[PDB]
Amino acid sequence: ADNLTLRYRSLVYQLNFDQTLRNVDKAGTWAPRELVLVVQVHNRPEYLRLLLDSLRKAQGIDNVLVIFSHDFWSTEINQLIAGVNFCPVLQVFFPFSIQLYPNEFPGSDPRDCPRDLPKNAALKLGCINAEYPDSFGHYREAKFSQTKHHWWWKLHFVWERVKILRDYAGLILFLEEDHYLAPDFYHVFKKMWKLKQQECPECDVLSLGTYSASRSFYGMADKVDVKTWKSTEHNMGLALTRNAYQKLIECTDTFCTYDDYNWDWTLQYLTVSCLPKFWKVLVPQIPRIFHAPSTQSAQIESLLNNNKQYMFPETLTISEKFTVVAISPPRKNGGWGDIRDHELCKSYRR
C-alpha cells in the first residue's frame, strides 16, 4: 500500500492503535480526571489556531486531556497541534474520511446517482443508491455526510476505544475547531458539575454556553439555568456523562437511520423518539464558549476584557426552576437517506 492515500490509511490505523499521549510522563501518577475535551477538527487551520490560543490562555487546565479528532491529515494542522506543550494531548483520526476514500464510498463513487436525477431515471441507469434517495428525492453528496459520521464515530471512539479513558469517571466535553473558550471555563465547569449533583439530578448534560452574550456580565456571571436541551442553543461545548453516553450509544440505530445529515438535529430527534427521557441541560447565563478570523477573534477578546471583574465567580447559583417541556425538531433536513451511510454509521459501535 504505497500511494499517498494508502500511506494516510496506514498512519491512521497505527496512530489510533498506539494513542501516543503528548506531555505526560506515563511513569508518573497522572490520569484524566473531572474533564476531558474532544475537538472535532476538519480543515480550517486558521480557526484551530484561535481555539489553541484560547486553551493556552485558559486557567487551571495543565492536567486536562485535550483529544483532537481529525478527518483531514495535513502538515499545517498536525504542526499546530504539535506546538501544544501545556496540557496532555491526544490526536485520533476518523478512519472513513473523504480524504482516505476519495473515489469510493464514503467518498464519491463514479457509479453513485447524481444529486437531482429523478427516481425513474436513476433506476434505469442502475446507479448504486438509486433505491435510497433522502426524503426530498435527492441523492447523497459525500461532503454533507462526513460531519455526522465523524461525530458519531468519535463519540464511540473516545468513550470505548481510548486506552487512557478506560474506567474514566468524569465528563467529556465536545467542541469544534471554530470554538473559543473563555479563560475561566474550567473553573466554571467544575462548579457547574457540583451544582448538577447537588441540585439537578434530572440533568443529563451540561453546556458551556449558548450563542447569546451580554455586553455586561453584571448580575449574570454566577447564574446557571436548567433548560430543555435545544440543538440550536446548546450544541456548542456539550458535556456528556458516562450515563448520557451509554443512553446515546444504545440509540445508534435510530441516530444512524434518521434522515437528517445534521448530528445535532438528529440528537434533538433522539430526545423525543429514542432516549428514555428527554435531555435537560445545565447552562450558564453568560457563555464560557464562543463561535468563531482576526477581527472576530479580537471581538471575542474585547468582550472578555471588559468583564474581567466578573470572571472566576466564587459560587454559582441555579436560577428559578420552571417547568421544562421536551422539544422535537420542526422538520427533517434530509441528506441522510442512503443506506450505505446508515450501515457505516451503525458499524462504529462494533
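Throughout, rigid core stands for the largest set of C-alpha atoms superposing within 1.5 Å between the two forms. Numbering follows the first chain given and starts at 1. Only residues modelled in both forms are compared. First, how it differs from the form deposited in another entry.
- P118 is the only residue from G83, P118, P110, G219 whose Cα shifts by 2 Å or more between the two forms, the rigid core being superposed.
- Superposition of the core reveals a Cα shift of less than 2 Å for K308 between the two forms.
- Positional change of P329 between the two forms reaches 2 Å or more at the C-alpha, relative to the superposed core.
- Comparing the forms between the two forms on their core, residues 118-121, 123-125, 320-330 form runs of at least three in a row where every Cα shifts 2 Å or more.
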Given for the second form:
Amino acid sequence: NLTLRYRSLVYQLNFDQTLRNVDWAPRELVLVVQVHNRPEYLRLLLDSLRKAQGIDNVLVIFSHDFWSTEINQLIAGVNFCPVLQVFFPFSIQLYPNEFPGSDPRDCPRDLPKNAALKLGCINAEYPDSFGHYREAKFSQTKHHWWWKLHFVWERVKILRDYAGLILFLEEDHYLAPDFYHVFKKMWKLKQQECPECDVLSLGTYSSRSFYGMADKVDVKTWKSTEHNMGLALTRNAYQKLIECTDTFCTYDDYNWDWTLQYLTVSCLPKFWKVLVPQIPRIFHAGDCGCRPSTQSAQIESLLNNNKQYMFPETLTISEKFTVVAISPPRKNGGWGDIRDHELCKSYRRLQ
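To complete the pair, please output the form deposited in another entry; the form deposited in one PDB entry was given just before.
What follows is just the one chain, with no partners and no other molecules.
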C-alpha cells in the first residue's frame, strides 16, 4: 500500500531531520517555505535563492504536504545553502479516504444544511457560516501553515534555543537578491527605532522605478491582504500567536492569513505592527493578468533595471500608518468543521 508506505517515510524523515549542505549553527534568519505541488513555481523560488546575496549560511526549510519525485529532485539540486525538508504528517495524500481527507460519509460541500441534517451525513451539524460543508483540499493549507509554525519552533532539533527570526514564504514567491541584506538592516532598524514593531515583512504587492524608495521602510498596522508575503517572526511573536490557538483553530475562515487578521483584531492585546520596505524584496510569481518563465523574466527585468538602487547602505523609516480602530474581517468560511478545529488544536499536544 503506497499510502501506508508514505506514512512510514514521513515519520522517519521528520525524526531524522537530515540537514543538507552542512558539515555552523542557524543564526539571524531561517526561511520556511510552504510547498504543495507546483514544481514549476518552486523552481523559480530556488533560482531566486541561488541569485540572492549573502545567504550561504541561511537555513532554508521546505515544508511539504505532497510527496513527489519531481519536487524532491528540485530541492535535492540545492547545493548552495543549508537545507532541511519536513513533511506535514496529516496531509490528504497520507489520509485520502478518511479525515482530514474525504471520508465517504461526509456531507457534500454544497448539500444544503437543512438537507444534510435530515440525511445524517456525519458532519451535518457543523456547516460553516454560509451553510456549506468542508472540502478537504480547501482545509489543507491552513492546517499545513499552523502545523509547520509549531514544528519549526518546537520540533526541529537544529533550532533548539534559536534566537533569530523565522521568515515564512511560499513555493510561488520570488526573493529579491538583496532580501537578506535588507532584512538584517530592517531588524537593526526595528531594534533602534521601532520597539513597538511585532513582525517584519519583506514587501507588499506593489513602482517601475525604485528611485528614492529602495532605502525606505514604513511602520504600518499589519493587514493580511498586504503583508502576508515573507513574514518574519521572532520567538516572542510566535509565542503570542499561540496564546490564540483556540481562536485561530476555530475561526470560520479557511485562509491562514485572514484568520491571522481576525486574531490581530480580536485576540491579541494590540494590533500587530509591521515594518515593511516601500520597495518589495519578495514577489508573488503565482499571479498574472501563468507561464513561470514569463514571470521570472519580468521580475528579472524589473530588479536588474533598478540594480543601482538595491543593496541600500542605510534604511530609514519614512511613513507611519497607525490604525486605532478597525472592523473585523468578514468570514470567508470553509472552516466550520469541528474535526478541522480539533486537528488544528492538536499539533502542539501530540507525540
